[PDB]
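K.L.:
This is what each chain is made of:
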Amino acid sequence: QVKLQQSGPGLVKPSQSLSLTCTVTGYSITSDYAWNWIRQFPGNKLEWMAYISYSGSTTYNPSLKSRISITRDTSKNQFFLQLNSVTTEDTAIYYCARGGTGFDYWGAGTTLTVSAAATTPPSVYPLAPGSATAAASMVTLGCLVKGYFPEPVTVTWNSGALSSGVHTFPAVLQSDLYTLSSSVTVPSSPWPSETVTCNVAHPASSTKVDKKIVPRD
Amino acid sequence: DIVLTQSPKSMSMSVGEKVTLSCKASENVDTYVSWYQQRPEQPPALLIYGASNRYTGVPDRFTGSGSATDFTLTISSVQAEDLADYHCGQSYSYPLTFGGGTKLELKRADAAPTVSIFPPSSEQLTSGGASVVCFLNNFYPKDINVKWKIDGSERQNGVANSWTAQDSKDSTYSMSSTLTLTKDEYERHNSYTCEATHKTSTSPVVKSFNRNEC
Amino acid sequence: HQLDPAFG
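Protein chains in written order, with the working numbering: chain A, 2 to 218; chain B, 2 to 215; chain C, 3 to 10.
It is worth saying that the hints were derived from the structure and are not from the lab. Among the hints, a few may not be true.
[Stated by the list, open to error] Derived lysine to any residue pairs resembling SDA-like cross-links, with alpha carbons at most 20 Å apart: (1) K212(A) / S128(B); (2) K143(B) / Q175(A); (3) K4(A) / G58(B); (4) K200(B) / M176(B); (5) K208(B) / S138(A); (6) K148(B) / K212(A); (7) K143(B) / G58(B).
Please construct the entire structure, taking both the sequences and the accompanying hints into account.
P.N.:
Take a look at the structure:
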């Protein structure tokens with residue numbers, strides 16, 4: 002049946018302009034319905050941007066009509082969205098959608114990151130216990146991964162051998178670089194005595210580092 | 002343009018309950034309110050349109066009502082696959098708008114957080130870094146307040162917090178709080194405390210360490 | 003081809 006799929010740049014410099022493509026299968030964009038573009042910010046807040054009716058009419062959300070434009074290619078059955086003088090407040094997830102009775106069909110949506118940062122490898126640091134905090138039975142080890150760009154980071158413990166008791170948190174922003182941390186709580190039987198290694202991987206930077214948590218001095 | 006407010010921000014309930022979500026408008030929107038569901042890392046899907054009409058494929062435990070201003074999404078019987086975010090939008094006026102969303106969580110037995118604070122690794126310090134990390138794991142409910150103390154003083158600079166979404170096994174939450182400073186900074190203070198205050202205790206849960214403690 | 007007010 003109907004099918005929508007977005008595509009476009011995944012990371013751009015601020016103030017630059019760009020175009021996000023939406024290619025639809027199973028339906029003609031000259032047949033019927035309004036073909037929209039919607040973005041969702043980091044918080045689940047949805048925001049309508051603009052659409053191009055099947056007839057050709059275009060409508061834009063007043064707060065963005067100064068820097069955007071919806072266009073199409075009936076031949077290849079797609080429509081695009083151009084954004085100019087983009088700001089960082091623009092990083093989010095973009096969806097192309099068909100509207101008729103509300104928003105009918107959506108696509109997987111594509112994520113956009115507006116940053117000035119340059120691909121740089123992360124710093125993986127072992128987090129052994131402070132020598133005194135570790136209430137009996139279970140012990141918690143950590144793993145700090147700071148200043149890496151772009152996302153995502155891949156983190157596992159003991160090549161995957163460890164799975165339960167693991168906590169990986171969302172990457173945040175320290176300046177314009179990400180920092181992420183992961184934890185693992187294992188029985189107080191394992192640690193010093195059994196090697197635990199966290200494995201981080203940064204596809205972008207083609208980096209890959211194993212880091213062993215050894216008891217501190 | 003007509004603002005759509007969703008009253009229930011985060012609703013916590015049991016499987017097999019009865020949840021009624023509310024969606025209000027600024028101005029009349031006739032019956033042009035649709036409801037969309039959004040399971041994590043998934044796109045919104047039409048659930049209810051025309052205020053009441055159930056979109057093709059939507060089970061029965063979903064019913065909507067409301068006329069140009071006050072609308073509701075009722076889930077007769079809540080299931081685990083209803084655990085998601087629900088949005089509502091009008092399609093009456095030019096700039097189409099959505100609400101802030103209503104997250105539907107799962108209710109579970111309260112749980113105190115397991116706190117752990119680690120001094121910076123010698124690897125980072127040797128490079129001039131000084132990050133103190135604290136983990137507040139597997140706790141419930143969501144609401145908690147972490148606070149850092151250095152030599153007994155509160156400190157707001159550097160703190161970068163991070164919270165995981167509800168766990169899909171024990172239904173708990175987890176947070177890490179990081180404090181960053183330059184080694185110079187780090188080496189003039191000696192007592193580092195990670196103080197938390199959850200609702201499962203009348204007193205704050207605190208983890209701490211003294212730097213001159215090998 | 004019934005579109006809501008906001009559309010078209």
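K.L.:
Hints broken by the structure, by number, lowest first?
P.N.:
Numbers 2, 6 and 7 - these are the hints that the structure violates, sorted from lowest upward.
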